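All chains, please: the whole structure from these sequences, using the hints.
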Amino acid sequence: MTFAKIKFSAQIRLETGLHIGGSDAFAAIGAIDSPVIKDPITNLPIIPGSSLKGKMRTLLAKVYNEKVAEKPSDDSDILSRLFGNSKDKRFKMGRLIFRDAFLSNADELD
Amino acid sequence: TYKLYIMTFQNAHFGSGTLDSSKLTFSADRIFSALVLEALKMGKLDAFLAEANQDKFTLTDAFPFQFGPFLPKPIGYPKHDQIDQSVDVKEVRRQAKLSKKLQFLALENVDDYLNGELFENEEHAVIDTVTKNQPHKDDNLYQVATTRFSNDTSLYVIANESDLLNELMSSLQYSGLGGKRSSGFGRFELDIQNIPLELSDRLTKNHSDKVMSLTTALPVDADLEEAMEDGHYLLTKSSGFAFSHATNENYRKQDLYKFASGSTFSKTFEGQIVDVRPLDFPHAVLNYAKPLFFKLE
Amino acid sequence: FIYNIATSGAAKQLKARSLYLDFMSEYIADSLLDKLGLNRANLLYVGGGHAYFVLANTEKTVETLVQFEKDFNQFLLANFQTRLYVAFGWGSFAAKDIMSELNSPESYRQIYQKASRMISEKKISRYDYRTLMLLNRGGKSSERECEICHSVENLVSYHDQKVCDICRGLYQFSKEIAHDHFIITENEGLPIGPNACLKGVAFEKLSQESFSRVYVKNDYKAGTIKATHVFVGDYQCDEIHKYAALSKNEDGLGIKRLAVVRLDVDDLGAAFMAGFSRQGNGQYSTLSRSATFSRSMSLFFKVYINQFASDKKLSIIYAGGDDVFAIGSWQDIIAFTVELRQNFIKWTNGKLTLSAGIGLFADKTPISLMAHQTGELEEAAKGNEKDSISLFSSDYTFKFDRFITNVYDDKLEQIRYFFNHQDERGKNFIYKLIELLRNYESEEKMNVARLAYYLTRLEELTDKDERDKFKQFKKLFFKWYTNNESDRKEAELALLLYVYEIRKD
Amino acid sequence: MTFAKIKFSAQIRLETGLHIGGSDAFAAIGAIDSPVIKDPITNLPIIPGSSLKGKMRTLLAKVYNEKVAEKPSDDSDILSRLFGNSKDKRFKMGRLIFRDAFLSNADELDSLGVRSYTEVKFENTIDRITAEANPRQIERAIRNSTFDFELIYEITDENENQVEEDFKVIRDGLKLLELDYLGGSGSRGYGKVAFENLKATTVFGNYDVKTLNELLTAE
Amino acid sequence: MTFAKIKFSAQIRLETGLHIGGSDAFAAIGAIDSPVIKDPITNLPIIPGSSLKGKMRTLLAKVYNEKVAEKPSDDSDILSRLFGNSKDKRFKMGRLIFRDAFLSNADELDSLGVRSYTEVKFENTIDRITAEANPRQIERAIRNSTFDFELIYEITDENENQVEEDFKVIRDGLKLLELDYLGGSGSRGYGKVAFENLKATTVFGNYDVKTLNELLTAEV
Amino acid sequence: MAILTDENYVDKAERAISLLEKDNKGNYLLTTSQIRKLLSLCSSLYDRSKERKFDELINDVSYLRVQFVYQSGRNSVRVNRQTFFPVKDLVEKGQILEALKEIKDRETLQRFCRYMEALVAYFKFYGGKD
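Same order as they appear, the protein sequences are chains G, B, A, E, F and C.
Going left to right, the first sequence walks through residues 1 to 110 as the entry's author numbering numbers them.
Going left to right, the second sequence walks through residues 2 to 298 as the entry's author numbering numbers them.
Going left to right, the third sequence walks through residues 254 to 758 as the entry's author numbering numbers them.
Going left to right, the fourth sequence walks through residues 1 to 219 as the entry's author numbering numbers them.
Going left to right, the fifth sequence walks through residues 1 to 220 as the entry's author numbering numbers them.
Going left to right, the sixth sequence walks through residues 1 to 130 as the entry's author numbering numbers them.
For the record, the hints were derived by calculation from the structure and aren't laboratory data.
Don't be surprised by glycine CBs; every beta carbon is placed ideally from N, CA and C.
Among the hints, a few may not be true.
[Unchecked claim] Label pairs and their computed distance ranges (CB to CB):
id	chain 1	residue 1	chain 2	residue 2	range
1	F	88	A	757	53 to 59 angstroms
2	B	297	E	211	56 to 62 angstroms
3	G	81	A	615	45 to 51 angstroms
4	G	96	A	713	29 to 35 angstroms
5	B	224	E	211	57 to 63 angstroms
Shown next, in the form of structure tokens:
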């Protein structure tokens, strides 16, 4: 009925390290390694909300579907209702908004 | 008869009877009314009226001025005595259409056109129409045509060197001329020049030879018959709604048929500052139809 | 007189005025013939207010000519003031100068010439001292005017609007255009002449009215009533205010704009005067050949144009002699212009060409402004050595055959075939294409670079199945852009027409 | 006190894209579905004086009109004595003679490196029940373009005691127009102008514009 | 009653890479991208007032409507009188004027050693059956960019309760824009904005905004 | 002698692009993904030259030259049992380093940026992939 917004706030702690990826646009002159995605200003590693949303949708698609799901637009009611669906007028805008995750314990790490 | 008043325009709308039309050049009645209104609003109306009633006063229709005084095509002188050609009818009709399309000659070649030479028009101004609306009741959509000049084309008028007329001209150059003057259209910048030596000897008021009127003039009844019995001319209507500060409602001022320019006549005549006010209304409307002639060959 | 209308309802007044002036010219011819005791056989040509007679050279004929001249000019001064003026001329000629063994081609033309010079002289010097002294008498205190032609004579109230007697007559006559029979009464109807008025009345009512002459419009059948047959171009698909909405198709495609076409055949007068003198060393110049040329021109431009307008959303306001004026949906208007000239070229065997101007306008625009802009475009087309078409601007002036062969069915067809298979991004790239086309002169080589980039980026964006057709279009458009300015302008016009066709708004 | 004319020279500098619009004959061929009004000759964006006059009158109608203005003919005396009024004796012709506005930094724009003097803004509308986006394109006179603004106020013997109130009205119109938009879809970030070098100079006759300039600029 | 105009001035500071987006036809000469819109003079990313107005109206339609709206013209009285309906006579002219938000702290960004004001985010899409990664790259604005945000509110014939309600609606719109994303692919971490130094100053007329400024600093 | 004049840089970009190296299948070895960083740096420097003086843009030109030199030798393609350097031959044939050396005022900077834009446009015109 009434409008509300619930903000799930958590801290993602890396048990092992994380290679999100991206291309060599912030790669150092001389580095041949595969770079991780970085903030254009602080050059700290980030976790883009696109990767979180994609992996969460792919994982939940093996549990809450009981179908084939050839394409993302074919997902069930329970998943297209949250994560959005481009081929359904009732679920074009999903109820879940992900946000880019930025470093917070840089001081502690130092 | 004395000066060569030039006025550089950038955007102007001289109505031809409807708001959606805009002529290239204004007639002498428009500028005379503008001067009368400027003198009335400044305070010195009677001085300008006394000057205008004198026979020394002169005013001509606006003519184009582009690196040389231009002039009206003489009506009735493509005469076959100097237009006889051996070309086929295709070229004859092409040159007749070109002559009919011509509206303004240059002073450097006026006599050349009288010799039978053929000339073409020149890029002076573009007649464009802009549509505007009234977003107060959201049910209005009007169109105004303008005459934005370019190619460094100005307009010129021939008037006497007088301190009053110069002052009224300088006050008029920041009041605009014709059309929606309080909307952008009509403004100009004044300059005062001397008549070129190839024009002052012909710009006349009195001989008995053939003289092109350079003004939308209406002869008095004494010499009207002699004017049309051996004359070539055109007729123009000076109708309109009389702008006045002493009525809450606009009144159609009396229609008037005047001889346009360049109407050729066998002799000179006298004009009239004619009252065209509707009946029973104290201050009148003055229509200036007074000749300024050009001597020809 | 026809095109000066300032208010809504301009449509009906416009068509009624066109038909009314045509009928006034017809009545001038008929009454002049009746005063001379002749008939329509002596009539060589009536059209556009221009008419020619062949009469007997006698002092009586000259006196009736000048008397009818004075009478009809007095009537026109009484009703239309100085707006309309009839001028008569006549040139005396002998039999010898119309043969082929005795006519001199100079003499042939000279026959017609004198009359033209006299008409021009009478047109230059119009009114005597009495007439202008009377017209300048003033003395009228009027606060309101007519809202259509701005007349002040005999204002009456109609639909909460002030109109003159003539405007009221055209208001009435616009509803009576749909009838086929038009009668000349003494007092009822629009004043067509001295003590004579025109009134369009249906057939079943014709027995209840007192008339002197009956005209039948667009009918080749000899009916029960002895009438004179006249032909006009009067196809009307719908009301003029609806053609803006009619441009849209069933799917909503098409700009909500109307168009006006003005078309003119070049050198028609030179065609009349010396078109036949080029062959046979001038022996083919007889009145018979000019008369059948007049009849062929009337056949093409008064009845055949009605079939050229068939099934099209347009109205032919004025079609007589050489001037054609039509208003409609822009697609049907341009279509009709193309078909009319193709059939004119086929009709005249390529001897006479046409110059056309097609102005594009919005809904509710004043009709006088419409006619003025379209005539300006027509004149701009006339300036391009004639045989030219000016579409929506003096900038897009093309040779007419080039317009048909290159613009409409060559570039526009390929642009349609391509972009009908494309999504929103490709259709949006048309605006970048047009902008590159317009800016070419300033930055020539940088612009050809930019165009190459845009074409191949859309190459890379096109699906694999549709890639090859894109390669074809990219090569063809690059060839158009780098060939010359003529193909550049033609491609720009084709893109403009296509973006007009697909517009959703 | 005798005749005078005072000219308010200024330089309108668009901070946001201006969309006065009004494509009729020349600008009608713009292929944009909303072309800005241009010069017929040089194809240069233009701010017509009618737009400035109308926007200034509608803005001052909210400040100097004690009664509700049902029609512009029923405007207050102060507004009708400057902008004019067709249906009264004294106020038939106004004291304000607006002028059109033409581009004056075209050479500066070329120096900056622009290719065209009118950008294309792409927008769209999102349906509420469905969510299909309908896109559209509208022209915009690019920002950092300057237009010459020139307004003349006439001082006449009869209308002399009202000079100060009139000057306040022009000030409050020019600085309201600096706060509201100038034509176009202004409620969506459009037509934001700024009057630079705002200077009043008496031109014909004589007047003490030196007291007016100090209260015109700055404050 | 009287006339007054109040200017809400703030700095839209992004916190994730905003991508409002334009058209590929008028993009730069660079490689494959979904470019943001840029000012033609300086080629810096901007936040047009149309995006802010649309997102604010859509978000306030979920709170101040009391009934679903099929069209913007079918909104409530408050949203109509604030934003404006073409189909309503009394609300034809909205009392809210939004302004384009141009880049503000380009000096600070340059001081931070940045070399471009727009970054390229590389993503991919993998099929659920074949797991083939089709790549893509899109354009984003830099994370810590700030934009000058100006919103002008006009007071005519409006009671004190009406102007207070409009202030509350504007505050809720700004809070909802903070809690939602500005235009772009915001379901995947885009367009998150925060309004800094948000304050209201009466630029025209005389109106007291001490309590409005206090509640603007408190609620934010 | 100036290597980039206002009336020849487009033609030079054409000649350079048409002269690039190729494999057996007739495909360009250079791709826009290799020169993306250089294109972005050139574009950013171009739109920074409009409102900022050259005397405080020397660092950007220096970095741009460093990046061109680096990307010339960083990337390579192994074909036919030998290694090709696409950006290196692009720089050598287009005389990019020579235009960079002659950048002294604003007009030369903008001319070099437009030359790079013409180079990429022409490279994409002749079948250059992404």
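Hints versus structure:
| no. | hint | verdict |
| --- | --- | --- |
| 1 | F/88 x A/757: 53 to 59 angstroms | violated, 25 angstroms |
| 2 | B/297 x E/211: 56 to 62 angstroms | holds, 58 angstroms |
| 3 | G/81 x A/615: 45 to 51 angstroms | holds, 46 angstroms |
| 4 | G/96 x A/713: 29 to 35 angstroms | holds, 34 angstroms |
| 5 | B/224 x E/211: 57 to 63 angstroms | holds, 59 angstroms |
Consistency note: the structure conflicts with earlier hint 1 alone.
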